[PDB]
Every structure is written in structure tokens, then in C-alpha cells.
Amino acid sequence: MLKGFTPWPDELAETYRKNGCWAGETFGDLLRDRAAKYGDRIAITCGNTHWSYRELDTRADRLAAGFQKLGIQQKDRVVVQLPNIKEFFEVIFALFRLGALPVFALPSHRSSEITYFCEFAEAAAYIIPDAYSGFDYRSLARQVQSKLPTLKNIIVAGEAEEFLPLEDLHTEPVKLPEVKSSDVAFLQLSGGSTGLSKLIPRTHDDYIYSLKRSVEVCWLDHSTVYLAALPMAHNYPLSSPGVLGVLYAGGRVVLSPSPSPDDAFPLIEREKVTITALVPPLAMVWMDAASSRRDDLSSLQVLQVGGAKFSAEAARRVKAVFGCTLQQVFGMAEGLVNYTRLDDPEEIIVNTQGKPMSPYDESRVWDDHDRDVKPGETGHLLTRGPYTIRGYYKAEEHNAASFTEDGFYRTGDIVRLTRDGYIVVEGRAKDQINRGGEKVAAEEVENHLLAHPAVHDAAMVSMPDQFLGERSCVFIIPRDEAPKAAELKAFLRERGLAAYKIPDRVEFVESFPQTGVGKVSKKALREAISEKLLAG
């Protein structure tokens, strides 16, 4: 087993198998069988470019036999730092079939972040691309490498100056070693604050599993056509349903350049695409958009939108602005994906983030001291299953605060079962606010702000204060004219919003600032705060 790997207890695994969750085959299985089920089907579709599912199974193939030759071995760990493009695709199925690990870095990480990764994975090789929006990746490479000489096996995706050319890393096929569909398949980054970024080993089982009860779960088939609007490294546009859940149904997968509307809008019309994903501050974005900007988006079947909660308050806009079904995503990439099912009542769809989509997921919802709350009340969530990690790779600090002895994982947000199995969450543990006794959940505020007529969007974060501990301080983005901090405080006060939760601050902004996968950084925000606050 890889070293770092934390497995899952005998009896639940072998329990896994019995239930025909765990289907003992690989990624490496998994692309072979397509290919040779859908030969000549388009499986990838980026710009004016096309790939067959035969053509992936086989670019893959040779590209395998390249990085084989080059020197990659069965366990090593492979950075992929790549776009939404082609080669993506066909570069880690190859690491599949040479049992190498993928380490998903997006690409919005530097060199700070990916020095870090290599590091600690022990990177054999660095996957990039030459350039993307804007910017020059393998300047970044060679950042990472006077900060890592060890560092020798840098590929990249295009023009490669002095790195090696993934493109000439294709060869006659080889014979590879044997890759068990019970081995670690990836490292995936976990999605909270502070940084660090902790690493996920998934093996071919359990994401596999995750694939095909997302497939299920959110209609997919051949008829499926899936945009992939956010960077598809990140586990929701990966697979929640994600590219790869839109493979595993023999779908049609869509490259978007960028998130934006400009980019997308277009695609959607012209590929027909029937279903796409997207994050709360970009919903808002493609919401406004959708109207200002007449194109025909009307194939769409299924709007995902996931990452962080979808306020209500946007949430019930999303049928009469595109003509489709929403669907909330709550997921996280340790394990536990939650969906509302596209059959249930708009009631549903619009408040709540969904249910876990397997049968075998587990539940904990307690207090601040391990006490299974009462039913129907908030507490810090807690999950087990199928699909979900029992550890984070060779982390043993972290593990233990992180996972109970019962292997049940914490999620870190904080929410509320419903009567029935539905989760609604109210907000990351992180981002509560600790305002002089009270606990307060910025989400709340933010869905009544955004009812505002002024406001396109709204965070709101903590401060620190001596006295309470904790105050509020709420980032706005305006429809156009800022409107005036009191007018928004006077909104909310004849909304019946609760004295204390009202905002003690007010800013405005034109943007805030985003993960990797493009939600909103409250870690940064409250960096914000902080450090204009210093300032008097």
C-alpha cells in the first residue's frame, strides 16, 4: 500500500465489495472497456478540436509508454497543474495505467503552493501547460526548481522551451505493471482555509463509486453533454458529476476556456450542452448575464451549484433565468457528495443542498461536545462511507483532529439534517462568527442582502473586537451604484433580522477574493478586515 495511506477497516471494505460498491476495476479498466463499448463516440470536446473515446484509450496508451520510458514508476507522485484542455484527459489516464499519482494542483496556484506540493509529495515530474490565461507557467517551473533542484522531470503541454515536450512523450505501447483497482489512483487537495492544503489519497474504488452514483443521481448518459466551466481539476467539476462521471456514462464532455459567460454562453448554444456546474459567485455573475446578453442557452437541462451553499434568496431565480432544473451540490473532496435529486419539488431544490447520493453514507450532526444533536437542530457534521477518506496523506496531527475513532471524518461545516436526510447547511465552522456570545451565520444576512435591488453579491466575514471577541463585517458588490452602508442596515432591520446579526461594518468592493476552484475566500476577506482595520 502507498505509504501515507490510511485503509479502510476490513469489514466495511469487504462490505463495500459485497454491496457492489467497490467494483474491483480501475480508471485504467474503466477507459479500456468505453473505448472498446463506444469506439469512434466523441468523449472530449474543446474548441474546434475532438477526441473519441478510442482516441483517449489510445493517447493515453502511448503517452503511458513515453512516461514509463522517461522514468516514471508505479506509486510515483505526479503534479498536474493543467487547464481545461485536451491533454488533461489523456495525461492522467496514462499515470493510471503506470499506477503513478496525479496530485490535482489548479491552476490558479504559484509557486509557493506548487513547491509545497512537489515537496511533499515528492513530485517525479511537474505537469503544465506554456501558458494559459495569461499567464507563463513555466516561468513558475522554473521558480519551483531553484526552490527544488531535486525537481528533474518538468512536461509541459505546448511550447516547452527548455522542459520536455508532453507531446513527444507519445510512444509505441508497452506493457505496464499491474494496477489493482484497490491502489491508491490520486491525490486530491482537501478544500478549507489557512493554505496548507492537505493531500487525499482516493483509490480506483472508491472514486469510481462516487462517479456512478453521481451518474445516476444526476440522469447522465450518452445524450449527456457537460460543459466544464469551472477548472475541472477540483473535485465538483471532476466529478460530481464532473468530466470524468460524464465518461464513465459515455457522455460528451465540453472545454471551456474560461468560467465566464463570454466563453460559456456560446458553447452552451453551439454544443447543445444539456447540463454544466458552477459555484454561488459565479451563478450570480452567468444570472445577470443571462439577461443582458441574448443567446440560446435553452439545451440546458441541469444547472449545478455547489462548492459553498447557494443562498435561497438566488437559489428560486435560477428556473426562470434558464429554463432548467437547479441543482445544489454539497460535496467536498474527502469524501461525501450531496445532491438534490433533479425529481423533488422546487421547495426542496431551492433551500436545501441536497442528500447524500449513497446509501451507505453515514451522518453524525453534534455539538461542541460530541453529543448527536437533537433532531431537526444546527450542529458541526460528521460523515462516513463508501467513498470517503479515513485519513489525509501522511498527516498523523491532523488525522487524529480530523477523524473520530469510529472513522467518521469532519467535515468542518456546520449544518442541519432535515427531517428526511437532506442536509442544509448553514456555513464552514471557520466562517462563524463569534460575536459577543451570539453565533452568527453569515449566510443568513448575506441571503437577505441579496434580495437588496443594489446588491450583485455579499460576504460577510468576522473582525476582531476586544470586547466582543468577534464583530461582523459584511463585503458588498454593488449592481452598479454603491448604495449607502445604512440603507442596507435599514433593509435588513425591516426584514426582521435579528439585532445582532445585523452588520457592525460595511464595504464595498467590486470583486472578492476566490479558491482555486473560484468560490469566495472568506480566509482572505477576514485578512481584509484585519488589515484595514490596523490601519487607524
Second form
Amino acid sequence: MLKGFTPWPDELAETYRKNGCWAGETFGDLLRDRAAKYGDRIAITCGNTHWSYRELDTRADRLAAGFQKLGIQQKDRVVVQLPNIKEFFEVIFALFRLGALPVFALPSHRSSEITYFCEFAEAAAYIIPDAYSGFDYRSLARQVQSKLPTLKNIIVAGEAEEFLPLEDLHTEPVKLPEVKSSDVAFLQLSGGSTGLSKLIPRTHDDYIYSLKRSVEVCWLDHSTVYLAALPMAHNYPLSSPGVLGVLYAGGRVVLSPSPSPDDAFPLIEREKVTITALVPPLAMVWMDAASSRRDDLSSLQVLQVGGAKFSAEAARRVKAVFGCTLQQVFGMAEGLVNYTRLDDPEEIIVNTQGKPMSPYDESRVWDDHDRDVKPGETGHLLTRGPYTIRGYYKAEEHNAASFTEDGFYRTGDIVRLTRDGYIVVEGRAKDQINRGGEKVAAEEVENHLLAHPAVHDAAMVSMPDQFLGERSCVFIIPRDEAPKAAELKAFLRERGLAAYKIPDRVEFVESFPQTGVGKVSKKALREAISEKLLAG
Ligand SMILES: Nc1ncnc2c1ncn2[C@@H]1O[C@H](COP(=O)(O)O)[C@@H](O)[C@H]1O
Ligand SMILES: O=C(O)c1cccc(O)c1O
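Now that the form deposited without ligand AMP has been shown, please provide the structure of the form deposited with ligand AMP bound.
Okay, now the whole complex, with that chain kicking things off.
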């Protein structure tokens, strides 16, 4: 038992293991296994380089030793902040075999966060690249050390300068400690904003299950060719199905330099990728490029889009722009992940956010009083299952206000279950606009606006107002020449939109504040408009 970990109920645990949900295998067993059923069947691609499963397997073994000689022991936490590169793999499976626990930080993090990540998780090691996307991470490290003189095992992929050169750790394999299929395998990082993040303990059993399923639902096989276009450490592109899921199904993963259609498209054409995943904001740009940039993306088959609702106005265009099957994906690091099945109608794909991936996923839409709302109603989404946590790392306070007494985790999202179980998300309860004592589902108004020839993307945020409590302020990224706020409102009015849903204010910008994985940060936008307001 890892300090801070909250297990599932004894009786419900057995259920899962007995119901073949928990395989009883580790990531060690996983890699050991696959690496031996198809040896040099390419597993990872970066530029011109290639890494056989078997190769990955080896390096892992070797690195594990080097890591162990470094002094890292079972259960030790090791924050890992690497971009989309081959090392990320050897590095995490090596820790997985050592029993160490990675802590998945994103490359966009900095001292404020990394110090917290290190201080909190009581990390025994920090892993970074010499530099990426123009940001030298050793300077960041130097920053963290300054605050954490104790952090003494800084490791670096590429020119390691004064710290520890990741390349020199590999050494002779050795006997490693028994890792139990039920041990916490790593610690993930909770959603973007509300402030500081929460850590998310996952275990070989609960996670790998979330992989085998996703694979089955996404149809991943040896033919699979996934293009990691988002920071892969993020749950979404790490397991839904993500790079790890891909490994599971003996397929091959292609690491892209950045999310830009500039790095991905040529890469898509060249490596002939068949599935990739974008968040909504990035999805718009991908589209815009998929015309104003002819170049063969025909290889593509499935194009995942999650992290936030993919407004109907845009989803409907996948088939036409990328000539493939769109897949809504509404998941979370806490567990539950919903997928529009590659089967079901075009409509279901274009107007819902899917339905749970596991038969054992339980989801209840309660109302402000934890009173199950009526059928098909809109309400607070709670969930519970095989790959859904029962508590955050060391956080008794948050856990009290996030997990019901019976294990249910409230996801803060507001949704309505449909006929077939499929979930149609409205948005985050805290993203709701309580204007003049009226509920305003932002997304709804946004979706309309995307339909305007001069709108590229849009994020409706609420803003203060002493008389109505809150007013509505929409941010618009012009699809060229910034339309007139009056023109947009008139547009909404013509479409028949309810007066109280029309944005009180329109604010034009070139891009929206985002987060680690790249989602728009409505929190951020809120701050923005609130400052402007104060400016007066
Ligand atoms: N497909 C989606 N549609 C609507 N909201 C989503 C979707 N995917 C992810 N999310 C949001 O992202 C959360 C999970 O992690 P985070 O973004 O870190 O708070 C969910 O609870 C949602 O609030
Ligand atoms: O983190 C998320 O919000 C997320 C989005 C899509 C799919 C996932 O698995 C996720 O964890």
C-alpha cells in the first residue's frame, strides 16, 4: 500500500479481477510480453529513427538498472517532463519495472508547478530534455533545485550540462523488485484550472484495463499508426487510446515535433498515419489547414477530438475535410472515458460525446441535491467503475468534496444522458453563465457563432456585473477580418437565439489562452475580461 492511495472496496475489487477486468499483469509484463511476440516490429518512430518493441524492451531493462544504481527504489516518485520523444518510453517502462512511480508533468509547466510537483510527491528524481521548442529545461531545473536543494538527481536527455546525462544511465540488466499488478503504477495530473493540480494514482490493473478496452473500442491492431500530436504524457493522448494503448495492440506510434499541421501533415502523408487526436481549439486549425494546404492525409482513418466538447457545427465537417471517421472522446484523468463508437450513425458521432467504454462504468446524473434528475434531464455528472479513482494522492480535503460516501466521483461536468446512454455534454458547471438569474449554456451560443463565415473559433465566458450579477462576454478569433460585434449579435438574433443567450459583450483576439494539452482556458479568459472591466 502506497501512502496516499485509496483502493477500491475489497468486495468490488475481487469483482473486477474475477470479471476479467483486471488482468493481473504489470506494464513490465505487458512490454516483456509484446516485445517477445513481434521482436523488431517497429514500435516508435521519431524523424528517421526507429525503435523495435524488443529494443524498447531491452533499453527499459538496462535503464532500470542504471536507475536502480542511481539509488531510485520501489515507490519513489520521479516527476517526468519530456516532450514527444523516444526516451519518454524507455524512461517510464524502466521506472515501471523498477517499481518507481513516474509523475506526468507537461512540457508547458514551469518552476511554480514543477517545484510543487517535486515538493508534494516527494520526488526522488526529475527527468527533462536538454531543451525543446526553444525552452532550455536545465535552467528550469536550476530553478527548481534553488527551491529544492534536496532534489539531487536531475537527469537530462541530450546535452545534460552539469546534471545527469540520461544516456549514461543505461547499464547491465539486474534482478528487479517484484512489482504487483495491483501497485500504484504512476501518478497523473488533474485538470487544468481551479488552481493547483491534484495527483492521480493509477495502478497496473486499473490502467491497463482502460487500455485494452479503448483498443477494442477504437479498433487498434498491428496496422495502427497513431500520430502523437499533443503532449503525450497527458491522459488523453497516453491511453485514449493514446500511445500506450497503441503499444498494447502491437501497433506503431509516430512522434510529431509539435501539433501544427506543419509538422503533422507531412508526417501523416509520409508515415501514413491512420489515427490521431486533437483537442477542439487545435481541431479548428487542422481543418483550416486541410484546405489552405493540399497534401495527402488520405492515410488517416480515425480523427479523435476531445478534452472539450466539439461543437456540432464543426464535428459535422470531419467526414468532408479529412475524409475520415470523427470520434468524439469525453474522458478524464480520474478515470471514465466515453467514446462515439466507430460504428453508430453519423448523427450520434456529430451530436453526442459518446458513451462509457466499460460495461462496468456507472454514471449518475444528479441535481444540485444529489437527487438523480429525471430521465434524459440535464444535471451533475458523477461516475464510478474499474478505471475510475476513489481518491486523489494525499488530499483528504478535496476527496471529501469530490467522492460521494459510496465511491462516486463527481466530474463537475453538466450533462444529459440520452436514449442509448450516450452523453451529450453541455460544459463544466463552473463554465455556466448565470446571467440575470438565467442559465446560459455557453457552448450552445458558441456553436452558432462557429457557423459565421468570419469566426474561426469562440469561447463564451461570463463576466461580472453589479446589477445582473454576471453578464456574458464572448471571445472571437476572426477567420481573417474581425467582424463587427453588432454584426455577430444581429446574426445570432436572426437565427432565433433567445435574447438572454446573446453575448452582452464581444471581445476579439488572435488566439485563446490554453493549457498543458492545449485546451482553451475559460478560467483564463474570465480573468482577462475581468481585468479589462477593472481597467475602468
Ligand atoms: N469531449 C469533451 N466534451 C466536453 N467536456 C470535456 C470533454 N473532454 C474532456 N472534457 C473536460 O475535461 C475534464 C477532465 O479533465 P480536465 O480538463 O483536466 O479538468 C472533464 O471533466 C470535462 O470537464
Ligand atoms: O483529460 C481529459 O480532459 C481527457 C480528454 C479526452 C480523453 C481522455 O482520456 C482524457 O483524460
